[PDB]
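There is one chain below, alone, in structure tokens, taken in the form solved without the ligand.
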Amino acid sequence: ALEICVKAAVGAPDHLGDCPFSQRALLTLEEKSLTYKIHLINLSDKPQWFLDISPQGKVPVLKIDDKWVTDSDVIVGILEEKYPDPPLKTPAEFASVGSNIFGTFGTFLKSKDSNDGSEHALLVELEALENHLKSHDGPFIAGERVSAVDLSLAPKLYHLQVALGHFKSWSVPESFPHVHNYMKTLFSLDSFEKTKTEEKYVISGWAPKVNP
């Protein structure tokens, strides 16, 4: 069968954890309506069988054919080639929409210096997603149907909402109504609902990382 290893929740290794790249792969398995086993991996106490098949011990990892494959980009493109219907290819022109939101969200989340410009850098990336969404037909980045870019982005936007909300009482401003609407569209996908990390465990996941 297809099998996939993903991060288990910090403080709760019997529940699904908060890895956005793992969630991207789960989302793709679901949107293809494929059958798979999940192995929840405790990253602080990593079983031996798992290391024999993932050298660096990183997740996500997908077993396809009799090969264990890392790298969420690779994983989702192998799935697209092997199971072409329903297709999830995003037109190349839009495949990078939103690509810097996750990075600028992380930097802003971590900041304790109100003047380092990190907020503004995030706002500029949201702004750019807003400009795409308002000028192109939706509900998804490439129109009527969900595609690869939406599945890469959904877990990252969830993290942003949940983490900035919890840690900073901060929300995407009201002045990005397309971004809010797009986030609602993504979080009410059946695939998203089925694969989402409980909010608890996005918080437990981020808590040790907000301050070095």
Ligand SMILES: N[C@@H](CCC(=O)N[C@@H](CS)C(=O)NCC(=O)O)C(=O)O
The other form holds:
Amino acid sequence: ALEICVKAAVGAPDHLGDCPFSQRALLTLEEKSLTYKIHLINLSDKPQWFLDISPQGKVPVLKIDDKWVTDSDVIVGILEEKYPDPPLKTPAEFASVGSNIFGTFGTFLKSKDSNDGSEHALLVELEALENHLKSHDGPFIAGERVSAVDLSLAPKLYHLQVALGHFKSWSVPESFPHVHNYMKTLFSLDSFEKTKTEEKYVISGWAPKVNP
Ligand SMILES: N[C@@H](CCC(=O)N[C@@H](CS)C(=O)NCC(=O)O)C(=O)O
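Instead of the form solved without the ligand shown above, give the structure for the form solved in complex with the ligand, please.
To see the whole picture, the full complex is given below, headed by that same chain.
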């Protein structure tokens, strides 16, 4: 009986919160059509039973074969092994595409100094993604079907869109049309729609972190 601990929404602990690592795991569970129970963990008031099975107090955590396993990388790899069909393996050459976007996004979101180069560093990572997407068959990073890299990136690109839009009135430039198309593709996946955090909870999640 699979169970997953994920972040509860800031300000509404009975709703799904905004952890993109948790969403990567939920996406994988859904793309594998698996049944599972969700535990919403209020990270500002962690329950004791959760601390007892997540030694670092982090989410996500998956209960499988009666062991609780941390780290969304490990969780999605174990699911891929245990439930091989349909396959989500991304060819190795593409498995790190987009991998620096989320970090550059967070640095730009938190920047107070518009000459510190943070916008440019994000635009460089977006350009790398545009360059991959315009030169390889789509609609996903590895072609016709969604795979692990897309499931890792989708929640992160959603944060980028919602948070930079709301906090900075900033959106991915229209000069990256492939990135725009790719985001639309990911956000309209049935699995994405089912597992997504409401925008207002991406906002509440980030608000206390933007400018500590
Ligand atoms: N690398 C871990 C990252 C997990 C992580 O950073 N989770 C955050 C929520 S997004 C967390 O549990 N933070 C603990 C806290 O804020 O108290 C993974 O991929 O699972």
